[PDB]
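Visitor: Here is how the chains run, residue by residue.
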Amino acid sequence: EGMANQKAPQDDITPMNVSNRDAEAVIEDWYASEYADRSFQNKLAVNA
Amino acid sequence: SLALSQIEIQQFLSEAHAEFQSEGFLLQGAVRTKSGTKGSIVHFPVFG
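In the order they appear, the protein sequences are chains B and A. Using PDB author numbering, the first residue of the first sequence is number 50, and each one after it goes up by one. Using PDB author numbering, the first residue of the second sequence is number 2, and each one after it goes up by one.
Note that these hints are calculated values from the structure, not bench results. Here a beta-carbon is modelled for each residue, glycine too, at the ideal position from N, C-alpha and C. Please note: incorrect hints may appear among the correct ones.
With beta-carbon atoms standing in for the labels, derived distance ranges [as the list claims (entries may be wrong)]:
hint	chain 1	residue 1	chain 2	residue 2	range
1	B	90	A	22	26 to 32 Å
2	A	25	B	75	32 to 38 Å
3	A	44	B	86	20 to 26 Å
4	A	43	B	96	19 to 25 Å
5	A	13	B	85	41 to 47 Å
6	B	77	A	37	32 to 38 Å
Okay, chain B solo, but in the shape it has when bound:
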């Protein structure tokens, strides 16, 4: 945010400093995995 201030006439302007910052989103990797052994293919009625 900025802000307005007052000054004496003919005096140098004094800015009200506007802050800056950088919001950094760090990218991450996630894995969801499973195994389906072939020995269960003929022993299951479902498709694992």
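Since the structure of chain B is already known, use the hints to place chain A on it.
Guide: Same frame as chain B, now just chain A:
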């Protein structure tokens, strides 16, 4: 010249000998075989 024996070649065969062993499946036809079964346990019904 007899010096041709210095560049004699040797032949390596592609048909390999297997050390004497059973080929398996000897008892197929001696028992009651059922192909294409499913599941972890197979039930054989019996009538009196």
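Visitor: Which constraints among the numbered hints does this structure fail? Numbers only, ascending.
Guide: Numbers 2, 6 - these are the hints that the structure violates, sorted from lowest upward.
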